[PDB]
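Number of protein chains: 4
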Amino acid sequence: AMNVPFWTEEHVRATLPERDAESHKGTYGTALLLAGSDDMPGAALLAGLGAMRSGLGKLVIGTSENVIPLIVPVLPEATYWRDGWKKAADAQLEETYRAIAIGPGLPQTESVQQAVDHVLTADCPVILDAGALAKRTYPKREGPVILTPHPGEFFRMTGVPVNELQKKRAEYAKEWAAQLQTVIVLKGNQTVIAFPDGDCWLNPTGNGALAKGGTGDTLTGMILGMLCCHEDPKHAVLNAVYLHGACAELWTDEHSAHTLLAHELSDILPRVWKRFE
Amino acid sequence: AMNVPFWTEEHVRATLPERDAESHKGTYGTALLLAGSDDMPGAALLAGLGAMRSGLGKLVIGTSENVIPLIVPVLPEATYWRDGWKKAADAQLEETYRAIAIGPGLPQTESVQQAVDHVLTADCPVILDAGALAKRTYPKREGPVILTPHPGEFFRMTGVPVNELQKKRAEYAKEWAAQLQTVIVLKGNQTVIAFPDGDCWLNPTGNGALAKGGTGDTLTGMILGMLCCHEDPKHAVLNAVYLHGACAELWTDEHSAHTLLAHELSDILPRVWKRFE
Amino acid sequence: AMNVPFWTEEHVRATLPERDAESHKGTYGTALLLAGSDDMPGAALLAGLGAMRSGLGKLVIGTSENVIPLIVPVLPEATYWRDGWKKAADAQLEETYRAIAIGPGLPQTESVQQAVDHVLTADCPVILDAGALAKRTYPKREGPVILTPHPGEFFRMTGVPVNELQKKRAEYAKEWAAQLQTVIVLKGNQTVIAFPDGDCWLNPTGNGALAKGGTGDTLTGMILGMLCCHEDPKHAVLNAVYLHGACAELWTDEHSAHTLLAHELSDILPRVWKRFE
Amino acid sequence: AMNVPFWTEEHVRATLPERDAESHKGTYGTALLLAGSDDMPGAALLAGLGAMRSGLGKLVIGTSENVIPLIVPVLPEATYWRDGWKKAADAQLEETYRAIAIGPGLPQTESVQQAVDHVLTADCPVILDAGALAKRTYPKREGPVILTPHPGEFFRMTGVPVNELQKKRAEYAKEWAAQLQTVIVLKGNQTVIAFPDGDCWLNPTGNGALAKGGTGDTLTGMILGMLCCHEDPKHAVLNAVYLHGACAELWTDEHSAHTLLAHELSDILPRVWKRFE
Ligand SMILES: [Mg+2]
Ligand SMILES: [Mg+2]
Ligand SMILES: [Mg+2]
Ligand SMILES: [Mg+2]
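As they're listed, the protein sequences go chains S, F, D and G.
For the first sequence, the authors' numbering assigns the number 0 to the initial residue and increments by one for each residue that follows.
For the second sequence, the authors' numbering assigns the number 0 to the initial residue and increments by one for each residue that follows.
For the third sequence, the authors' numbering assigns the number 0 to the initial residue and increments by one for each residue that follows.
For the fourth sequence, the authors' numbering assigns the number 0 to the initial residue and increments by one for each residue that follows.
Don't take each hint at face value.
Which copy is meant is left open, because identical chains are indistinguishable; a pair holds if it fits in one copy or across any two.
Unchecked claim - Capping the alpha-carbon separation at 30 angstroms, the derived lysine-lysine pairs in DSSO-like fashion look like this:
| no. | residue 1 | residue 2 |
| --- | --- | --- |
| 1 | 139 | 85 |
| 2 | 85 | 134 |
| 3 | 166 | 273 |
| 4 | 233 | 167 |
It is worth saying that the hints were derived from the structure and are not from the lab.
The whole structure should be built from the sequences, with the hints applied where relevant.
Laid out in structure tokens, this is it:
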């Protein structure tokens, strides 16, 4: 009813970055991923793979010590900050990162919020997902804050019940992005990308193959990596959400939508991204 | 001699569910898999992969603590109930599941039967396989109980010797499904699917590539996932058994039947399922 | 100079077994693999994959406790006898196996020889490889003993120096198979398969892609599995050696011979075996 | 400005080795890889895969004890020297190796330099990378020393700031290869391969897909393996750098350059190498 525009293929093609011959990994930046706990380990692998697939230069995974050995054989290109998400509860980060994500596979605790508060004093874009999503406010800072809730997490954040939210998704997402002064990626069919400056878009890609555990962890990583290779973080978010959906669409050409596993979205992205170049 | 009908391709096509665009993982439900022990760990990975491939929304694996790290790198989309199958011996489940499977890679012990008794107080379909199969009776409850014995396990359950069973497979399977008031999937060439209401079918798919360790663990998971995406649990069982066999048939087109590994059935299912859509 | 015949494609085609529809995993038997130590773990994975790919019904891997978790994610279809190769030093096996292999990734110790002595009291074919190969004699027993030395191991076994061996490979292999009353698979280009009854063949397949660590561990497993699905153990050995080589030849059609990894031979076998059916 | 020639396809084709039918793994030699620490484990897997893909006969990985289990499931063909890189700080090597690499995933410490000093008393080519790169001099010895710095590591080695280095890359690389009497592979677009005898080449292959963590670890392993199968170590270095780049070029034919993971370069090398045969 607000006639929110779709972020279309033309917009993706016009905004995806080049990876020029005169580049080194420093050009594409170091991301930090604060994810994975002994109790929810897989989220770190999913987000890690998403991030490294998505154009960053280096990835540091601040996961629980016992999760590290589960990532290495699948993603030997990542490096680690041992118990990083826990350590971040106690002190500001000393290292400079191009972008930070926090939350996948983390519990919904006060200590995770202390880590969030410390990460927000860095000067870079920050993504909050999953256990890092809470009812709270955000400090004025350098760099966007990007929240990636599903409708239940949106309810947790705002008190808008899911059954009311789903009637006016873009209207609520826009209202709350403005109130919180954060980007809100409100997941679902026609995911809403609402910006604090009032810009808002709908995502046209994806299908029900995505309605399964782990696909949002993969998306968080994709956003994290795209923030490292796009100069404009708005375009990084929009392109990540778009390409994530497009990977599910490629899957369903020859595979049943009931059968996708989230990690495969990362495996598909190389060929899908090429098509938009 | 009872002229039991085959569950044919036409029946599969008519009964497989859609995965609509307006869906979220909640629509497709959360399964619980109680499987894998330090001594038989692989069954949990096989059943877990089968289940997540088969249309569920979320999977919780209640496996032994030491088995968790063996699953994560292969199936990072699963989450865990640490020592769940052991914990279930002591108390009713507090969480609501769309469907439950118990037994793959579990020992044939009294404690496993205590877990079975507790799981049966939930209101959902329950599958019993492998170490959860015993000579016993079943309480009247909400939701079907689905037993998946090979002939040796059927003997354990009923006292019908294997050499007598194999002469009259459907007759015995039907008699015992009625007596126990459980679904019985009696494995073998022309697997029998006998329902407590007296309906009975034969499975027409599969071949000797399936006669190797682990393929039944994969089937248990497939049934578990299909119970989450079919409204009619009878159709979930029949389609799982059918599609499982059809994956072996696709394998033998270009691969020797001596060489299949069970996990590959899960890897094949995406393309096989698409063909029946 | 002895004009030893090649075991040709025609012989392979004529002797490979069917996997009929009326089969269960019991038909194809349970193999035991005693392999892998904390210090040489990979051999157990290589031999395990080879064996399960090669037509057995079930595989029990008696490996060191710390090696088990390294196998599971890659070969979840195997089951385990925890510290089996060590336990076998102390007592006769209580379980019946269709075939047994011992040695890959095991140290060349007296305790490994005690395990060999205990395994030889079983009534089944037994393969000795790697650390199980020693200068020794063999008891009269039911079932063939199959030794799989490379030339250096042959020297260890017999005192024939490698430089003399390599001049008269089939003559030495035949002489020693007769003296020991064991099958000897003497590895190398034109691997020699010498039988204690004086039959002897050369293998015509393979290439230098096989001249890299691990390819013999894969072969041991292939022999183990083929012993489970062939009625004639002589044919199992000959076909395993043949098909192993044929997998390397398929690799070199589109890949450099310098670049093969042994586990890939197992991955290739499904398609190669189909061609000989 | 020095008109440094490219090491071209013609030069690669003319210098790559055969793998003849009359070969055994001994012909192709045993490499030692001293890499991977609890804090940087992935480098050992990347370099290990690179090395085993690159024509060696055997690989021993002297990595930290806790890293071993992370390598095995992916590279079961490798064997181990438990805590080898640490042990090498204390004593000369007792075993003979065809080639040695040290440094990927190792900290920049004095103990790593003690290991380097001990490895240099062996008579074989030695590669120093990553944490093994330091400001130092090198003893006259049998066998080349090959340093593989990125520009920041070159600065660490020489005191030439990166912004000055990048203006005159070949001039600085040549000057320092001569001064140190080491081979210097100075990474970047148009990687420089400078020899202590004053020969110098530019690498013409590669693209920005390589500007991501781990691709240099993969290169170190590729050089290590190629040193084992080339008689001329100069040609081994040049061909490794060339083929490494060529793998990235093959990737970008159908995949976005933003999306490559380093381990995939190893997976691509089999087909790329075949093309140059
Ligand atoms: Mg989520
Ligand atoms: Mg079973
Ligand atoms: Mg051997
Ligand atoms: Mg480096």
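Going through the hints against the structure:
no.: 1; hint: 139 - 85; verdict: within (24 angstroms within a copy, 48 angstroms between copies)
no.: 2; hint: 85 - 134; verdict: within (21 angstroms within a copy, 36 angstroms between copies)
no.: 3; hint: 166 - 273; verdict: neither (36 angstroms within a copy, 32 angstroms between copies)
no.: 4; hint: 233 - 167; verdict: within (23 angstroms within a copy, 38 angstroms between copies)
Against the hints set out earlier in the document, a violation occurs for number 3 only.
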